[PDB]
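Chain by chain, the residues run as shown.
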Amino acid sequence: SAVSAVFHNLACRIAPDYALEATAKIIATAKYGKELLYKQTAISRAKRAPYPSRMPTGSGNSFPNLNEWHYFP
Amino acid sequence: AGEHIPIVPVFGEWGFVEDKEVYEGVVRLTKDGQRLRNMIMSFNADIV
Numbered sequence: 078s079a080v081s082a083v084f085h086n087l088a089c090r091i092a093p094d095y096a097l098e099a100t101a102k103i104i105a106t107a108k109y110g111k112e113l114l115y116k117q118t119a120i121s122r123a124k125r126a127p128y129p130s131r132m133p134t135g136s137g138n139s140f141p142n143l144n145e146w147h148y149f150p
Numbered sequence: 294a295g296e297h298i299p300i301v302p303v304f305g306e307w308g309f310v311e312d313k314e315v316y317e318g319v320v321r322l323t324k325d326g327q328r329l330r331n332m333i334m335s336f337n338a339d340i341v
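Going line by line, the protein sequences match chains A and B.
Heads up, the first sequence is in the UniProt record's numbering, so the first residue is 78 and it goes up one at a time.
Heads up, the second sequence is in the UniProt record's numbering, so the first residue is 294 and it goes up one at a time.
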């Protein structure tokens, strides 16, 4: 996904020499390549943290030693 | 001295299930909803 990102992005970086810019195609492809680069990372880093101490496991399940979820029952 | 066991146990609601002796009090599975009420009560503490 970063193959089609890098050389369009670098084209915008070397474009300033008297504060010049790159054209609309160059900024578009680099932006969409940057977006698909983080596509795999975003889903992986998205995690809902384990249930709080307040949350119970209820009496709908067996009692192992202790009850009311606290990363044990 | 006893010719029968002198300890006669009582129970609550009594019977067998799988051929496992199962006794209980009234509020056995009341304790599912008891802990759920405790969760909501303490969760709203942080909000206030």
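Please note that a few of the clues may not be correct.
Claimed, not checked - With a straight-line Cα cutoff of 25 Å, these simulated DMTMM-like cross-link-like pairs (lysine to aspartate or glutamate) come out:
(1) A:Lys108 <-> A:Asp94
(2) A:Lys102 <-> A:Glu112
(3) B:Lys324 <-> A:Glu145
(4) A:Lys124 <-> B:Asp339
(5) A:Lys111 <-> A:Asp94
Hints are computed from structural coordinates only; laboratory data are not their basis.
Given the proposed pairing of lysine 324 of chain B with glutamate 145 of chain A, does the C-alpha separation stay at or below 25 Å? holds (10 Å)
What's the verdict on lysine 111 of chain A and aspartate 94 of chain A, does the C-alpha distance respect the 25 Å limit or exceed it? This hinted pair holds, its Cα atoms lying about 24 Å apart.
Does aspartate 339 of chain B sit within 25 Å of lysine 124 of chain A, going by the straight-line distance between their CA atoms? holds (23 Å)
Regarding the pair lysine 102 of chain A and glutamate 112 of chain A, is the alpha-carbon distance no greater than 25 Å? holds (15 Å)
Restraint check for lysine 108 of chain A with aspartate 94 of chain A, where alpha carbons must lie at most 25 Å apart: holds (22 Å)
In terms of the numbered hints stated before, the structure departs from none.
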